[PDB]
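Chemist: These are the residues of each chain, in order.
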Amino acid sequence: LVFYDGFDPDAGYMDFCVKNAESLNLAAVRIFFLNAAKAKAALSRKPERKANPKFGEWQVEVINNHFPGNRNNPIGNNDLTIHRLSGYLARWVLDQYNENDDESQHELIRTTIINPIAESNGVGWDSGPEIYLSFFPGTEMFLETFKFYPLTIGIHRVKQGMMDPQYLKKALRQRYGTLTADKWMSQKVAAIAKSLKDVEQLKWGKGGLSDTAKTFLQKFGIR
Amino acid sequence: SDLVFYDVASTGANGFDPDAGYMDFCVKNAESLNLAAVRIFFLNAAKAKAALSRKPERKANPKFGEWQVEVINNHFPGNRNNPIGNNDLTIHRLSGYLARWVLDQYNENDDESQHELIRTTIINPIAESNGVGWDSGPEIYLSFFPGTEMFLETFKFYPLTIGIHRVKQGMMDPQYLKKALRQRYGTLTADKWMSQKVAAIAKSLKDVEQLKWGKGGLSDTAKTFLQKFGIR
Amino acid sequence: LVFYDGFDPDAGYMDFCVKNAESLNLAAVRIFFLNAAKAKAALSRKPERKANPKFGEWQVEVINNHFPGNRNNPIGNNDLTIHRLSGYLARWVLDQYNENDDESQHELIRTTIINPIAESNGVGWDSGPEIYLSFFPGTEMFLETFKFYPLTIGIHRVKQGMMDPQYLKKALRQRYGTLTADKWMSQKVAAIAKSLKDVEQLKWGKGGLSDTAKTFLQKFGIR
Amino acid sequence: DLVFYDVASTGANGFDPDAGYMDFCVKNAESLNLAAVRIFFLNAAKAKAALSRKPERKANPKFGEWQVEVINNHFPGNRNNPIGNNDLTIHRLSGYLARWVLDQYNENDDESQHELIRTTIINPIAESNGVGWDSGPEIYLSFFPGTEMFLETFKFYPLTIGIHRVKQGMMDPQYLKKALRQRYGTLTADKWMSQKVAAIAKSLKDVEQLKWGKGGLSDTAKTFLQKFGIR
RNA sequence: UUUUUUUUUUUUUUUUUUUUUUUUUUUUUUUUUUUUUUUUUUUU
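Protein chains in written order, with PDB author numbering: chain Z, 4 to 8, 16 to 233; chain F, 2 to 233; chain D, 4 to 8, 16 to 233; chain B, 3 to 233.
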């Protein structure tokens, strides 16, 4: 009853890869990305402080504070949330891709791994492995790795009134490799603007069902 | 809530024709059907869904009244990708096939005695739970069963438009409409019937919109009673 | 896998009184009726199937299906919900009152036991023990005991657009002692109409939120 | 946990916040300063939660280097413990101190001392709706709880903030009731609700014209984002 | 359908208690894809 008055994800990734490089494969991760949603829900229902969900055949200790009451429980730099997984695991896939040149293996990834959030906006692997994987949440942790895309997708989304600005706040504090938010907002402006044009010219069309159906339903007042 | 998650494949197409599966079904079963059997089913459908999501077996054989049948189970979490041939049965597909079977019965004759029996016997909890009864029409009453989006023509678009009205009122999550929107109107693609049969649909909607949408109906004696005290 | 095709509160009361006559007193009950609300809330947050809430110093096993998902879990004729307590417990108070003639004890009840729903409509013990206690939910289970008041309050409420009719449905199926809904709707019409006049002439303004305030808030688009 | 207790029935007592405020300033003016208070306002909710564990009737918490005798009935069992119009709860402190800060600001027109105050003292709730000192002192501090004790002094803002909050469905209307029974200096609610209606609607318009974000965003971020056509 | 269940109504008090609570490479709240497939709301 008496009163007075630093998380690095690059580090967290090395930690995470170490403990799990062993147990990972495409089919496991694929299944994670599909149910990233489903678990956010369930964990909000569970009152517990931790949980060990299983994706396919890869169980993992994640911290739960999706439950209403836990939302403010502090978290160590090696701890996992679904968000942090989504980020780390996205980065993993990219690393799997750049590992090699194999068109056969590259095609396996584009076949196995699938990103609903991206596909829901008509964006596919053909657009770019970076830009594709940037739609997964948690990629704001690795702006240099993902070429500002996780940011600029957000920017572009906010510009079209499809996202509440307050969801950018996560990304705007994050580093660019070894630069503070305050520094790179100043230095990397053109680079960011390049990375936005790149985002702008994607097809933001397909994904929202067929076009016929899009419109049909609009006729009877819906979205 | 036991936080086990699984794959969800693509395996595109499958070309499932419900009219095809329906005939195969009537052939194999017409023999063993009757209002008592079916009546029961429609009341224990959701019951049977829940119970199959415990039983880990791939196939099951439930029994309604005195009618047993081979259904495919993948209500159970792990089984949700088990592939299904266009003659096989899920609860869903039965609910659709049987809903149509009942319609055929009604339309078979104009016997006021047999229609009597049908209204009286068979019952759609979902319809009644929106304050809707047989008197609104047969086609519209049975369209409230799930599975009837397999036969959009046969039920005069009502399965689609019920869904649309449901969304328009924020009574339903739009994900659940998507089922219908990929279905056919007898011999058309969605792409086609969405383009052409728009007027026909808006009619079907108007009909659905003019139903006594109550949620939890009342008894008829209660209204005439309350109407004594100036309530209506 | 194989399929085919009624709760009597008079009985449920005897069961309930038996198991709890022992542990009850005014100060306990009083506290229940105050937090009847607060528990409806909390139980909706708890995912569990049962709960043992404590009112003052009287703990009790009640069935929870205030949680969204449990709402359809079937319930035995001896089981308690808050609603069924509220009813039973209301009946208990009346029985306490008619037990005796003691003006001293009668005054202890009017002092100890308090009904917000009644007082919020300006209705107090002076109106009648029956009519007062009829504002408590769950009294529809005992229409004969509470002289059609639980019903007619509802009727009168609906007449003044202060209640959605659909809340009367509970009461309209309930018995009058040993008569079906279908029978007494026919036979007891005058009696009901007497019990409604009785209701009509109470004071519906006082006790609640002051009329000045009612309006004030309306001016800034509020009720 | 579901452990329900009884409820107070006694009425009116007399708690005159202007009275209790002077007694308080008298007893404590001595020991107060921006550092102490600054701290309080940041650990107020912290202290609430901690007192609802400590079963004692009274407590003596300390902020910065300022200790004080508060009355605890955050603890479940204690919620009916009766309180004299000179005693302190966290709530009443929040109100008293919010007023103390205002007196400080108004004491002079020293741009140097106002500087210090804006810089030091900080209302998490105001900042967490995207509101800062620049919106005005009276309006900024009204976001503290307890300031409904002094509706005049804070230009109705404590009431109208609450109203706007409900109008937006950001708040449960039960929590407005506190204010609606309070005074406007020398009037009953009954009176000031009747008469000072225009004055209130003004105070509302002011509150409604605040930059109601929710969660701040650094000033550099806005000017940055304004390069890409975002505000 | 229901002698079921659930969702509105929960008193006065210049009283008391209960939601809001900034900086942060923290945390939480949006976006979650194709098939006349399958699963997941609707159930008198």
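Any given hint might turn out to be false.
Stated by the list, open to error - Quick list of in silico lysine to any residue cross-link-like pairs, SDA-like style, CA-CA up to 20 Å:
1) D:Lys229 x B:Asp192
2) D:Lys48 x B:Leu178
3) Z:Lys193 x B:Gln228
4) F:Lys224 x D:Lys193
5) F:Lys216 x D:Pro78
6) B:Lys229 x Z:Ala191
7) Z:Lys64 x F:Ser54
8) D:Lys224 x B:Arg167
9) D:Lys60 x F:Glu32
10) D:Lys169 x D:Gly215
11) F:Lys216 x D:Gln176
12) F:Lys180 x Z:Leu227
13) D:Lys64 x B:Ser54
14) D:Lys216 x D:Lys193
15) F:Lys204 x Z:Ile232
16) B:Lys64 x Z:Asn83
17) F:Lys179 x Z:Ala191
18) D:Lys50 x B:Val5
19) Z:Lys50 x Z:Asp8
20) Z:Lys180 x B:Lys229
21) D:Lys179 x F:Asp221
22) B:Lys50 x Z:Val72
23) F:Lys229 x D:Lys60
24) B:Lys216 x B:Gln228
25) D:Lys56 x Z:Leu227
26) B:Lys48 x Z:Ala52
27) B:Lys50 x Z:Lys48
28) Z:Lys229 x F:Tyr186
29) D:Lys179 x F:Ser130
30) Z:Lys48 x F:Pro175
31) D:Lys224 x B:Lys180
Said to hold, decoys possible - Not close to chain F: a few residues of chain Z, all C-beta gaps over 10 Å, as computed:
32) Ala49
33) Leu189
34) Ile232
The hints are simulated quantities; they were obtained by calculation from the structure and are not laboratory data. Ideal Cβ positions, reconstructed from N, Cα and C, are used throughout, including at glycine.
Chemist: For the pair supplied as a hint, D:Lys224 and B:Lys180, is the alpha-carbon distance within the 20 Å limit?
Modeler: holds (15 Å)
Chemist: Taking 20 Å as the top limit, are the C-alpha atoms of B:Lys50 and Z:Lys48 close enough?
Modeler: violated (35 Å)
Chemist: Please verify that the nearest CB of chain F lies beyond 10 Å from Z:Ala49's CB.
Modeler: About 7 Å separates Z:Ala49 from the closest Cβ of chain F, which leaves it inside 10 Å; violated.
Chemist: What's the verdict on Z:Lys193 and B:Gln228, does the C-alpha distance respect the 20 Å limit or exceed it?
Modeler: Holds: Z:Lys193 and B:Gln228 sit about 17 Å apart, inside 20 Å.
Chemist: Mind checking the alpha carbons of D:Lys56 and Z:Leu227 for me, to see if they're no more than 20 Å apart?
Modeler: Roughly 39 Å between the alpha carbons, so the hint for D:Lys56 and Z:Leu227 is violated.
Chemist: Since Z:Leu189 was said not to touch the interface, does its Cβ keep a gap of more than 10 Å from each Cβ of chain F?
Modeler: holds (37 Å)
Chemist: Does the structure keep D:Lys60 and F:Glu32 at a Cα separation of 20 Å or less?
Modeler: Violated, at about 47 Å.
Chemist: Hey, D:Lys179 versus F:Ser130, does the alpha-carbon distance stay inside 20 Å?
Modeler: holds (14 Å)
Chemist: Hinted pair, alpha-carbon criterion (20 Å max): F:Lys224, D:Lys193. Please report holds or violated.
Modeler: holds (15 Å)
Chemist: Going straight from one Cα to the other, do Z:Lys64 and F:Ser54 come out at no more than 20 Å?
Modeler: holds (19 Å)
Chemist: Please work out if B:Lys50 and Z:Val72 have their alpha carbons no farther apart than 20 Å.
Modeler: violated (31 Å)
Chemist: Between D:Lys169 and D:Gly215, does the CA-CA distance stay at or below 20 Å?
Modeler: Within the cut-off at roughly 16 Å; holds.
Hint compliance for this structure: hints 9, 14, 16, 17, 19, 22, 23, 25, 26, 27, 32 and 34 are broken, all remaining hints hold.
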